[PDB]
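One chain follows as structure tokens, the form deposited without this ligand.
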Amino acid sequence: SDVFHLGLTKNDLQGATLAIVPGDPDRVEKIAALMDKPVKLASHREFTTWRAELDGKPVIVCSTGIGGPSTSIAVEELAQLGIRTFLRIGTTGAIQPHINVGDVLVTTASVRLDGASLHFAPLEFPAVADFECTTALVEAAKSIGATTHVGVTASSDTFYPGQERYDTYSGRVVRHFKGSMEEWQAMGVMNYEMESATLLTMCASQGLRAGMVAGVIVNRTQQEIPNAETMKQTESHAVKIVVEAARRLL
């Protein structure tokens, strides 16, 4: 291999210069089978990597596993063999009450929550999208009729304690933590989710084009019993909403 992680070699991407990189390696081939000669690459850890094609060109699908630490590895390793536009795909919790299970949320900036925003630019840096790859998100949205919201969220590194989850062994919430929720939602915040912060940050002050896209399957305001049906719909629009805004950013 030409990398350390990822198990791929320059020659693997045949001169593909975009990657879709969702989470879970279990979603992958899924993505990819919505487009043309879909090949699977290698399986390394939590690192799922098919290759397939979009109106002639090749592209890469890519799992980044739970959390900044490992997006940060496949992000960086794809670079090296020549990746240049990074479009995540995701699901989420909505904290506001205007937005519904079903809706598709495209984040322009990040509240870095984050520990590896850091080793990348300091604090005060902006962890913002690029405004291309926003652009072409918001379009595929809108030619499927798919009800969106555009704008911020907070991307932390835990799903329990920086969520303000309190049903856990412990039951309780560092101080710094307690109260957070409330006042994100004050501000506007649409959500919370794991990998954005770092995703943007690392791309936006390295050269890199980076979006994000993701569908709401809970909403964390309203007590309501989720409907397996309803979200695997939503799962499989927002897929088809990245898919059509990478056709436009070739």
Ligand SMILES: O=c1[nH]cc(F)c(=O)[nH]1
Contents of the next structure:
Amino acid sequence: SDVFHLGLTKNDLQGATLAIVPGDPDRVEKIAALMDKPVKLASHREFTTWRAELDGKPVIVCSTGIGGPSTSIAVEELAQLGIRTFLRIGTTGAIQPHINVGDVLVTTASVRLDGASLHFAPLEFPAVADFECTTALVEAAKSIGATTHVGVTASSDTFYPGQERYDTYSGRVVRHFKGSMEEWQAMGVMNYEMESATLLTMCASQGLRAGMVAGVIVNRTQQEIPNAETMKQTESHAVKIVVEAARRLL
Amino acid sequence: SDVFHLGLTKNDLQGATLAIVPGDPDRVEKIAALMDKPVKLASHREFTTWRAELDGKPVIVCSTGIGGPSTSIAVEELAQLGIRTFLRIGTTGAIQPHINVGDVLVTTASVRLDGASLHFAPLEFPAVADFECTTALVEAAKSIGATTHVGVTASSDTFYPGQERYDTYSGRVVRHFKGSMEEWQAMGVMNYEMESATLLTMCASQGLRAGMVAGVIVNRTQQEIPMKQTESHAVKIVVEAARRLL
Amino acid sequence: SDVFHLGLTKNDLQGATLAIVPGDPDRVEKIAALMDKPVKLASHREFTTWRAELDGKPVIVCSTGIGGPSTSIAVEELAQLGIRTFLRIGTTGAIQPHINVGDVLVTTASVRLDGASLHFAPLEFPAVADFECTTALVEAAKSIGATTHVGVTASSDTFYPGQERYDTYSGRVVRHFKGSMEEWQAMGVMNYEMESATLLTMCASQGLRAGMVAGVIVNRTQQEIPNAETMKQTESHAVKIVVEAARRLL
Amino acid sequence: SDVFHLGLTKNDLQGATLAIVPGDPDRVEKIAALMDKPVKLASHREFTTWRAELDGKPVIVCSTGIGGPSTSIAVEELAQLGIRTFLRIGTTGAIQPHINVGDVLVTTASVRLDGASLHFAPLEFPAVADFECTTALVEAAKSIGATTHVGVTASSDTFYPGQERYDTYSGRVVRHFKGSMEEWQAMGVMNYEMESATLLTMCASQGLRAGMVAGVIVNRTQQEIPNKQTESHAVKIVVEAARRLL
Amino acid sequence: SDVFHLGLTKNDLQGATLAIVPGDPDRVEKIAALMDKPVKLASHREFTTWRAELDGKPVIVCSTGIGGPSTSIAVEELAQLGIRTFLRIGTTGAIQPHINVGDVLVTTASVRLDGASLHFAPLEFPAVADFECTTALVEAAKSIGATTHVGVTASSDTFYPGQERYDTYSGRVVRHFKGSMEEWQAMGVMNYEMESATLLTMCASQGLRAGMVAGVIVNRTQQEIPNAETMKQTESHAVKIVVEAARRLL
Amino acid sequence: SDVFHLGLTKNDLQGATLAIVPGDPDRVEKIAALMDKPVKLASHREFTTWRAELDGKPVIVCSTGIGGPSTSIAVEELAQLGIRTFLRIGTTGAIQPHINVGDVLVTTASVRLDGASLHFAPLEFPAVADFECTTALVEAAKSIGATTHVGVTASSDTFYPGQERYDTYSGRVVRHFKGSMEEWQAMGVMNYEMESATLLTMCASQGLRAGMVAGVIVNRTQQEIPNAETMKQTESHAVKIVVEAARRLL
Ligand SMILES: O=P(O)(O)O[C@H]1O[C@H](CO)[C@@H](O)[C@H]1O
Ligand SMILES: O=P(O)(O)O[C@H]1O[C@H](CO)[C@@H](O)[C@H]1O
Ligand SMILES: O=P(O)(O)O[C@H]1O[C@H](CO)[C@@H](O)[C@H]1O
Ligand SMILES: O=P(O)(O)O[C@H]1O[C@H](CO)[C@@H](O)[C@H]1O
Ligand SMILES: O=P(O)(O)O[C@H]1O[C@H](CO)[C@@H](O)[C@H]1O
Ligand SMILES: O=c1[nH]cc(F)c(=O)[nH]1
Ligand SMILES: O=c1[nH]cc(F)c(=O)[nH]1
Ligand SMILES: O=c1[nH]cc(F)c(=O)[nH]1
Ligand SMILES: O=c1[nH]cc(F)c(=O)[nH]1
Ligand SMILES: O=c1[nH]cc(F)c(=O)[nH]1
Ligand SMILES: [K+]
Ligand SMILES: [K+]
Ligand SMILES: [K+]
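Got the form deposited without this ligand; could you also share the form solved in complex with this ligand?
The next block holds the full complex; its first chain is the one shown before.
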């Protein structure tokens, strides 16, 4: 291994400069499966890496796990190995009433409710996605059919209190986040997830290209916790779109 | 008049929903003169407004003056009048050595070195431009063949200390902004200007579309204080972008 | 031209060291007319500069525009040309029920709800007026018999949300400023305006003298948008005070 | 499944109230095997959970993953299922010259260089460990004869910039963290790791007991470098401490 | 005299490395008298210093006054004189319904609602007690059979608004501290006092050992102001404990 | 006693609405003795209270102790008892080269390097002195011939790291305050002391009048620790001025 965590050498990448980066290690194989010559490279902790081939060019799929910290490790080490473009494919909860479960969201920029982004740039720096990556995701979504929404996303270091969930061990939310969901809602924010603030800030401040798309598995104006019955369908929908977007970015 | 500062009514807009917003009130006539049936509506303080027509649809050009505060007045009061799309056209000084005088900068999002943005959303909220607006500015720049950089802009409430200029009365820069140009340079920030953090934040947080394009008049890796076929180029672009957004 | 925005030279000033700084460019001519030999020097963007004479000594009257940012440009560039004393004359919205339209308010120090002041001193530094300038403004007011209040002012980068106005496009106010008017009120803050925190802070932190006076055109305990027909007898009452204070400061 | 991420029922736990929480899911089975009747319960993402038995009583072993975010999910969902004591076990790298490889660090409290802790309490709230848990860990380490340090740990949301590592892609560290390691060293901070600020804050602010213990495998200040013995040393200590807290 | 505020020389200490540091200067003689060979060393301002002997070893008792600022002076200057272990014994207000007046509260760490702690470490640093000092306090309390609680303490730069007292001249609390007692209560915070955040932060940030014990004189779940007649005996309970803990740390 | 800490009743004050508030309890008798009919009222902790008479009116002299916290207690409890005007008299280290030992400094406003002021108003609020108290202190200084400076004061919760002293047990200053003295000095700040940020902030946000004056006992461009062999010459100069200012404010 050339890096401390991922268990990868520059040779393993075979000249790849683009990585699809899902949160879930089990999703890595599914994403590689839509491409050619899918091959497992390594798996340590929450970091599972495959390589595949897209229009004859080598591409990396590598899981981040949940959160900015492990995301920050995966992105840094991939970048040491030569990755310059990063596409997160995730799952998300919508907070707007018109955004349905199954919809696909493309994040232009993120509300930074994380700590890791601050380790790369002060809060005033925008967690903004790369224009070409964002353009690639929107055009990709259009071409495969999805009902898509394009906008700002709130990116939180927690699943529970930072996304104002109250059905929890304690039933309470710290003052800073009490009433917060309603305010992001009034501000047109589309959804919550957990990694994009870190990804987007660390790439935009180090000359790396990054994009972000997620599939809606729950609407927070209905429920706190996602239903299981439609999660899998939504996941494959977003995965199809990220793979197609990668294709226009080679 | 239906608004406190601009001196305009809903009627005066004639159904306009898009406004091009330069900083200099003296630039407003020049921009409107590129469009059809240009007409001065009003000027009070730093806010000079003209109406024109672009492809037979009414369009507003209205100056913001320098800074987030006057900008925030103009955007709010235009929004009360029916404006939903704001395209800023500016001048700017680049901080990256590969960016030449002449060049055009389309801003995707801004470093919020301002105060007014915080009156709409806390610092964590991104001062991000609307995607259709940015797309339309990039495509308009490609249409007239300007060399274009797309990225992040540092938006400062001062011309001097916030942009780390030392050639001043006091000659010093407060600790917070000491070494700051260097940091933004290494983070790939393209340029300094003074209104986009306010504009983009207030619009992104209230359902209004905004975009920013500027022409480069100086590179800070040479000089501190600022071939004018370039302000011309940027005005041509913002107009062409407005056409695609109507 | 010796400076980048104002369009002025050191010679234009004729050795002036005091400038009266209104916000509105269309007020500059009016203030210069209470003085001797008023002449227009320059007019660029929102910066109209005239020069007049007071007890035989040259004096600048120069508009700042709305906001700390354009105010910071005017004060700095005037300071490069030799101005050491700055007297702001403004209009303002009072937030105390005992302060009436027509009253004159002299500002001892300002609540820093602006961005530009931070570019000169950290938040903890007091946006405090120079003691001599305040003295001269208070004594000028007393000498023309104006009903005067002396205290703290809240200085906001916005006209609308930062002064907790709700009669707006969005109808709402960000968490940080919700309930804020009532807090400032209970703390004895006299009024809202938009430039004093920047002026006073940048002056007090750089060896320059500054003072602030303003006429009350509305009272926010009954109205948001000022009445149209009390912005004439008030504007001129406050202008006379700042011209008379200028005399006592030369 | 009673909880969304971990894939566990209350019944899976069999009345367990104590969880040993390593970071690496691949270490869960090993720590479980050191006790009686080890049984796998689930595995999803980075959360691998085994149940085991310690002096006749049911005990949980569950990985958090790297970082406060995933840690906060594991802890919350385990708490819903009835866990009231969490003992963090890991390996780490010291930043003091007097701390040697093979030594054990018990953490009284952490410097909060993370984001998740703030979601449970404002920054002024101390990321302190529970006194009973900390005592059990110290007594456990003494009883097997480890060379031990008891003190403050800095808990970072990054492995790289937050621990002032410069051997990176960019090779630079953001202003805020520049000079930070030297400050923490002068302040007596023993080490860096990435989960304890979130674990200790969220537990101490919700009436749950938490402690942490770690083996030192590496030292930043030291040269030359060594090198499994230290991993199994700290694990024996956490297991013996769990024993005292049942 | 070797230090500017306390009026002491190293020689006055006679090799002492441990000080008991109460808040009130009138309490110092009381604490010294429980030990052997009690001798007054000095008294300037709020700093009264006595020396005594404990199991044959010299020991300092020195008052801090109220507040982190003067606490930081006494601790810094006693440290220059060779003190390495500080044990604060104080009075305190419980905010939990199970805690009684007369009870002994041992602080593991404090919520830093103070200013002086920041002058030694940024806010993210834990105001945590030394493990040996805390251990000695707990065991000392157990040995005399005092009813004791161990946990987190809120340490406020004020007695009134920072501890959310409304029975005051103004009768109001700044928004930052409105509803704050309730949040600390829900977070399991035992109590309020005024010096521990400063003491514990400066000591832990400089390699000095510190411990914090205090007697409860009021419960804030029922009333703001402590009663008169029962304060004298609560004092005697935590004073026995802080002296006994001192014995275990020599 | 009507108040918890100070040990005073309303009747002890005899209608007094003005208090002079030194930091040092031992200085209270000194100050009262310049006036008529001085009598000790009470002494508890660092709060020593005397009452005297100035041109026929009763006046209070009451020590604050060192620091914002105890200062906040004395001002609150005196305000409950009817005090509306507070004049602090203190000692101070000058940080400008032209300001000498023996000089008198009148503070117009303070840099808030304290914690207690935040418990009354957020940081943006200016710790500004009252205009009448300041005017009276400056004119009082003029009438007795003292060499006087009027300006901003840095008000710190510590004597040592917060005023950037390095001659200490640890020998380091925390990142936040490293180089800070040179920056306050460049910003025109005259001096360091420890109570005025709290006093002035808490009074200006509650409708109480406060003034601040101090004698310079050390110059920091030369020396960290004040030299005792020039301190009692300078203390009695400033005491004279505050008593004369109080006369003008009755
Ligand atoms: O499904 P993934 O990609 O993990 O995406 C999202 O969901 C996780 C939480 O359930 C977080 O990782 C979040 O950002
Ligand atoms: O030419 P405009 O649009 O004013 O743009 C830019 O230049 C001004 C300063 O010279 C600032 O207002 C800045 O943003
Ligand atoms: O009338 P001037 O002096 O601009 O003063 C005030 O009014 C303006 C808003 O109408 C702001 O500029 C405010 O501070
Ligand atoms: O009685 P002491 O030891 O001072 O302790 C406590 O009470 C004082 C206020 O009543 C503060 O000093 C507080 O911390
Ligand atoms: O001499 P006094 O009034 O205490 O004033 C000053 O000096 C003390 C420190 O020596 C602090 O109290 C400071 O502000
Ligand atoms: O972080 C999240 N991931 C997935 C979700 F459905 C959600 O609501 N939040
Ligand atoms: O804010 C700025 N505007 C215009 C410029 F040329 C510059 O450098 N900075
Ligand atoms: O900034 C302001 N200027 C003038 C006003 F009347 C007001 O309310 N606010
Ligand atoms: O600081 C405090 N000391 C003593 C008390 F009783 C209290 O409530 N607060
Ligand atoms: O707070 C202070 N008091 C007195 C001094 F001489 C000094 O420097 N600082
Ligand atoms: K302006
Ligand atoms: K993780
Ligand atoms: K004190």
